[PDB]
Amino acid sequence: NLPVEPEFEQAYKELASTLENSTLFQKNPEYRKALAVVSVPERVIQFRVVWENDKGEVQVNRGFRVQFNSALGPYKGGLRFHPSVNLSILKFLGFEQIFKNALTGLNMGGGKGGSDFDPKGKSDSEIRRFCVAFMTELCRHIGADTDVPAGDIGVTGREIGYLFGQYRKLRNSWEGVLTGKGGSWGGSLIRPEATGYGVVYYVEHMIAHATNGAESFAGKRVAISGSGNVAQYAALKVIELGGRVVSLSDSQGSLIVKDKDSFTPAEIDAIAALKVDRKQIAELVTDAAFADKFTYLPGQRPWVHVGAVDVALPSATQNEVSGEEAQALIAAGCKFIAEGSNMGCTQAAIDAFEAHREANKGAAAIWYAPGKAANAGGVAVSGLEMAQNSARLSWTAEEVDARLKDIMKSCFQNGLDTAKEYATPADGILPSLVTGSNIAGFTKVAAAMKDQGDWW
Amino acid sequence: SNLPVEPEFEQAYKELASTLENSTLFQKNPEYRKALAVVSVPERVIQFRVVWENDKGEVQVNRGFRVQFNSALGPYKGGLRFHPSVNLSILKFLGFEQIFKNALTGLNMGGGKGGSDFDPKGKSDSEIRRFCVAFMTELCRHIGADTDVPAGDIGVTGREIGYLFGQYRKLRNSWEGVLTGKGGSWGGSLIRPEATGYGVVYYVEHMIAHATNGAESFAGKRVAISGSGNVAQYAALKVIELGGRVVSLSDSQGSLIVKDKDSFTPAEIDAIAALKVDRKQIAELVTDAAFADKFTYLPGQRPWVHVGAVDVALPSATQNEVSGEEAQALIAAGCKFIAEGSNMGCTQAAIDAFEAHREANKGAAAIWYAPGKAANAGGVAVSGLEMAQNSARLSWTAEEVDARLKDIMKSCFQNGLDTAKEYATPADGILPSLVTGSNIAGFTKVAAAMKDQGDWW
Amino acid sequence: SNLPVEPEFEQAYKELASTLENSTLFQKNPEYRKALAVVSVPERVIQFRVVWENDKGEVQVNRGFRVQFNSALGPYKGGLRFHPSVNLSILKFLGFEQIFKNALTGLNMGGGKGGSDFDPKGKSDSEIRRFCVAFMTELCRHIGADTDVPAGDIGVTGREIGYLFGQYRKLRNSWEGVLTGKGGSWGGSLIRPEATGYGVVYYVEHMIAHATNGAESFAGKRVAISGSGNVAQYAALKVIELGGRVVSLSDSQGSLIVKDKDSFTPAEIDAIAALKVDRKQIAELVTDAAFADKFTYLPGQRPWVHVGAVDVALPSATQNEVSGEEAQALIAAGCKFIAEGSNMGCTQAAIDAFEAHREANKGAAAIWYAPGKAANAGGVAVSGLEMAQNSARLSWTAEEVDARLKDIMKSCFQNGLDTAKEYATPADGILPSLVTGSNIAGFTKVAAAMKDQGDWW
Amino acid sequence: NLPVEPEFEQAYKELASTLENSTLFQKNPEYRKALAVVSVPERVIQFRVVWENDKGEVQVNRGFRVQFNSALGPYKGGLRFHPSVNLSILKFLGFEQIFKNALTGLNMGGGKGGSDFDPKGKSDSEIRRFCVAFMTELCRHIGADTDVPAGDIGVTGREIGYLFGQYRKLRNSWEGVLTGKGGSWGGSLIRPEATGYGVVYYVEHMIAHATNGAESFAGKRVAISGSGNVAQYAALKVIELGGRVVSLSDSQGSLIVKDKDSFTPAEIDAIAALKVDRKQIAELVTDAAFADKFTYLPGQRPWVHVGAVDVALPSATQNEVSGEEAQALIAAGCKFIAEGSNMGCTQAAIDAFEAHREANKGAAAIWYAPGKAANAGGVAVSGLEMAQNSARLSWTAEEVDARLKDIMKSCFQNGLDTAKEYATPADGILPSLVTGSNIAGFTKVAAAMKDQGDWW
Ligand SMILES: [Cl-]
Ligand SMILES: [Cl-]
Ligand SMILES: [Cl-]
Ligand SMILES: [Cl-]
Ligand SMILES: [Cl-]
Ligand SMILES: [Cl-]
Ligand SMILES: [Cl-]
Ligand SMILES: [Cl-]
Ligand SMILES: [Cl-]
Ligand SMILES: [Cl-]
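Residue numbers (the UniProt record's numbering), protein chains in the order written: chain W, 3 to 261, 264 to 460; chain B, 2 to 261, 264 to 460; chain A, 2 to 261, 264 to 460; chain Y, 3 to 261, 264 to 460.
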């Protein structure tokens, strides 16, 4: 009867496996009933989006908003404008957001939405007239206390603007219906730098536990990819804490440090200029002495081309770390990897690290954290943008970063201590932050659902 | 390319595109291609998780769906189906068709459909009750007298519509025509039971009037019905009221034919109703002496050829119950009017045979075939009037309802006729195609209205 | 003192006060002065910024307005006008008048009006479409089937009402009678095109009945119409159906008079319709031979004096199309019944001439003049029935609509009659004043209802 | 077509002029399109108000609510009950509130409303029955997240009470729909003293910049007018900071210090008693030694009768500073003027100071700040009353005054730095806080409107 939705089903069974591979259904058997119920969305909306192009021709796309789980809070998720998009994909991405959001500790449920509207080629007026056509239907199904959408692939500050304007004008209300907002109309500070800072802050704890405090980020070689605000802020934060950033990348190839020890803020700051007004990471080299410092390898990704590294922060795309690149890293002395990008690491890679972890005792293991724990920094700040809107206040950068810091420490700890309860490791084995985190998001959500009578 | 495969849906998008292309529409009206682009993606679809409890007290989980396909000509109008086959694909199939089927009536009704993969089979009334309750609590917010008026279908009959109506009213705190298929004393219409069958008869009546330029009635006419349920029963009765001879009925394992030069009497029909209730068969009548004569039972048979000289044929039992052979017998028996009470009762062969003879015989010497999409639209017509009555705050008399049912069936007929005359303009003297006419007319009415209202330009 | 100057509005507050004072109302009913105080300030006015995009992709900015003037007798009822002259002053003028005009009908309709200084001139359909869309997105929240039902007017016709209806439905997610002037297949009423002209005829019919104590019809009656558009056309047709002789039509540069002892035939009328479409003139008929005889063209002329011996006069072309001279010709030609299809078609001179002859000739020997405020109220009557039909969930037949139109025109007539008999009580034998009667009756009905409901005490 | 609305049109063109007289439409030409769009209200409501007098007779007034701009927040504005009132005036006052509110930095749009209902003569029961009749229509168009009205001429704590009661009873909701509320039902501390404190705090910064820190309020002669909570708190705050308050006034004439140096808190405190239970500033003199200290001049205003002053704080009425009084002040050595009252200073006066500023270099100039920046203190606190309601908390006086202090510093700076960008002055000329502030409110609002797609 039920359709085939491979990417969603993939993630259901890969979650389920981890709960079986634990003691959770022995202390708590009745939770199997919950997994039946969490896995079918509370509500899904699919609606037609008719809009006009600059030539004046009728166009039509599909809109979707998966409203998956609201046991811990209003639906929270993102809008993706990409021609790949469908329900299957949006339930997959939605399904994750539940547990991710739950690991924040803030009261936010999980959903996702978007369109197969393809930004590429389209003018700003086209985008503006699509965002308007989209939210005209969506508007009725969402709200400050019901569902707070956000940005994702295809939709940015630009689109969030147009979305929020049309909502405001339909609803006749100024409310925190969308996160990712501009400074002047309910944005939060630390939003651009949230996910990056959040990954670095998470790993700080990884290092501490693994090394019993013997090691920080200071004097560590950390491999980053990507040159958006994620890779940028991640890098900066590594520098502040006394660490050395060896690598950055763009879609056309990567830049590796090999004359001097690390990128300098200004070298990072100059790749930021290379991102605004188009331009490319490559441009940087061939210029003010950057020729000597840096090696450019077009077409490639840094994982192998970095030498002996300690920390790896994929901050570019999905599936940007394969089983080879994980084995490269292991062999390269890497001991710590989390994602700044969403699902940057492939299953193959996770499997390799999690095997390496089981087989190597103490600090000798490579430790991988999942996205649902390590790259929560941005959804956390979405949470605090919500909190600010409601307060009717803009907090200082100190305020937000402080709360982000407490939120990421508590995340790490929750995965650690859970894994130590349910996936209890062997003498001197590092507990699973994959299983630990998986269990922790399932159990917080599943419990609240029981409390509220969604299952019995 | 990214789109899910929905075989039922696109097996019908295609079917319609085929018709429209082949017609002369996209040549007078190229730009209506833009309408088929946009009509064919639902205005809104809702799917929602459905948690209900069984008699053992266990969490159960099914999926609920409400496809809200078109609202150009009126509120979403559709049905709920509870069957474990159900998914979006199927309900966008059914929903797409309800648009153009509803439109034919002439009433202000959009097109939609919904339901669950809840399986009524072997559930107790408590379980059904607890599921209808659990299901309407989410649906409630998306439907209404002026937004969406659902109804019954597979798995969803009077019992279920009651339980849906009760929960809606409870939650919304309002008493409105939010469902059709309701009880007598809480907003139902009379002629609901009799709606589809009287509809079929009323369609043919119009057919006869046109073809015979108003020089013939049903009066006298010898009518071959097949089936022995809602549709066959009331159809027969309507033929009798109008001075017609109902000459045949039919079952699964067996058929019934009259003594010749005669018809069934309402009581003999009323006796076939008692036979289906108590799950018995039609032979059971010929068992009794008073009908042992007056009727012949032929096991394993379909009446088309056993009847003799016949004028009207109303297949009303199952699909594919008329072969190309049986079509020819009818033609040669002098049959001139054949409409479906059943959906796709006639096979493509049969259709081509009638439509061939239509194209090669002029005027009312032709046999005329009408599709179920139109000839069977009484139920939906009365839904419409059940709506109208609930708003009027009134129960019309049986006569009032039947009379309005009759007028809605002319509107169906006429819509097809006119359309075929425009976009499949026949040779001089030849009856227009009501298959084609009726397959096109819903679209044109809807597409035009969507232009009028600016859903495409 | 602080109040803005709104010349159109207070040029009409004054006009009404004048009438009411001069009548005997504020002497039987002193306290109704308090009603004129409160009726004369709108219950609610909305004005809202209107940003829309043109075909070059540029921000455009106009002002939208919805004056919601009175709801004592029913939902706000009015029209949208898109004309660059438009402001609040004008729309409170038009809105104030709709109150008392609507009231005359006897139906439950309040009074309001809205629109923009958007100029339709030289805008493409996309631009209109994009403006209707932008405009209804703010309006949407303030209107509804039971709150405010807008319609068309200058700059706002069937095309625009479609685009408004589409956007409303889209936003509100409801299908209701939120506009009148709709398509045939999405909730329009038949007799909308024919509403005003049939209305004018139906008014006079009542006039004749009264004056001749039911001893005369339209049958035979020689009728002088002026104009050649919606109103003149359908008016003529209705006179013909009722056994009347339509003896004249008229244009901008020229008029048409019959051969004497004769009338126009529906086909000759149907041919004047083809002439206005394709922007041609009435002479163009006398060009053709079959009408070259049977009709005389007099360029630059108005029929009033060229017609001969006439009974009924229906000015239906422009304002101020009847002088005090032309009034006297009519009187001396034995004309006994004259109503306006056009607004202020008769000049004050003309009115005084009819009303003078009324006051100085007893009974149906008098010529009787009815104002457009009443005689032309068919369009608004059918709006009313378009509403009623949408709620009924039904399309009545043409006959049904026309019959109800006829009953609403008696209610208009009677309301004026009775009022004049009460508050401008005529000398014995003299026909009451339907100018005065019809200028008063809206107020009294509304003012009383507002007392009943406690908007004043 | 469009009607004539002189007071609104006056303010449109006087704003526009300042933007032309800048470099803004050269760096940002497309902003001319914004000024077209901001200038026509988003929504306006005019509704009949039928109410009964104590004699039992039907009465009727007009109600209005101009909801001008909501790009930065819910509509925020005030209700004025005055028989002068109409749309023109309410669009004028509304139009200002947009930019004023925007200069606060908090998320508040701009509107205004009220009636030609004349309080004067009317009993408390009449007022009560008018406020009730008014809000019965208004109620539907406003709300905690849509439009939050306030007090103005004609409407005070008294009326705000009656308004809030009828709202509550219609809406069945306790929410921050109105500011200016009583202590026990969602008022804020520092509300009475907000605008006064806000003007003084703003000037503190003026003095600092102009004198490079060489001078505070300490030992400065400051001329105030008015004796309501604005002039009172302004004065007190000057005293705390070590300044000398030379003048106060009422509608019947002013009181000038000339025996001793300054008013003492208790002399201020005693004029507060002269305001409750009616009474007059005059009363004070002729009594406990006040005869000697103070000179009373009935019929007059202090601007000329103060001697040599340093700071001027009009805190009484509109248009209470003419071109003569500005020339008096200049000649009297005044170097710093802002309004505690709404539009206290006339155009003539602004023109005179702004000329004097252009012609006199450095500290030698008189510096005028506009109301849209200097007297924001009250609308700021309206903002924080909103914030408190939402928090579900009453902050301490310290809390609110602290935030007010940060809000007024950031205002000043925003006008300074803007003016230095777009109205860049000549060597040693003090930048324009008129133009600086004008530009700053237009650009924050105009930008957010672009972000949200109100223009393109
Ligand atoms: Cl599944
Ligand atoms: Cl909804
Ligand atoms: Cl982010
Ligand atoms: Cl159905
Ligand atoms: Cl009948
Ligand atoms: Cl109208
Ligand atoms: Cl009639
Ligand atoms: Cl203007
Ligand atoms: Cl509203
Ligand atoms: Cl204040």
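Worth flagging that the hints you see were computed from the coordinates, not collected in a lab. Be careful, since some hints might not be right.
Claimed, not checked - With a cut-off of at most 20 Å between alpha-carbon atoms, the simulated EDC-like pairs for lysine to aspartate or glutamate come out as follows:
1. 35/A with 287/Y
2. 35/B with 59/W
3. 454/Y with 425/W
4. 57/A with 56/W
5. 124/A with 177/W
6. 57/A with 54/W
7. 454/W with 126/B
8. 35/B with 32/W
9. 283/W with 271/W
10. 413/B with 242/B
11. 413/W with 425/W
12. 297/Y with 287/Y
13. 365/A with 287/Y
14. 57/A with 59/W
15. 57/B with 425/W
16. 57/B with 126/B
17. 413/B with 402/A
18. 454/B with 32/A
19. 57/W with 128/A
20. 35/Y with 402/A
21. 454/Y with 59/W
22. 57/Y with 403/A
Unchecked claim - Sample of chain W residues facing chain B (criterion: CB under 7 Å; computed from the structure):
23. 86
24. 283
25. 457
26. 459
What the hints assert, rightly or not - Sample of chain W residues with no beta-carbon within 10 Å of chain Y, all distances over it, derived:
27. 64
28. 121
29. 146
30. 163
31. 176
32. 177
33. 222
34. 314
35. 409
For each residue, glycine too, the CB sits at the ideal point set by N, CA and C.
Looking back at the hints listed earlier, which ones does the structure fail to meet? 1, 3, 5, 7, 8, 13, 15, 18, 20, 21, 22, 24, 25, 29, 30, 31, 32
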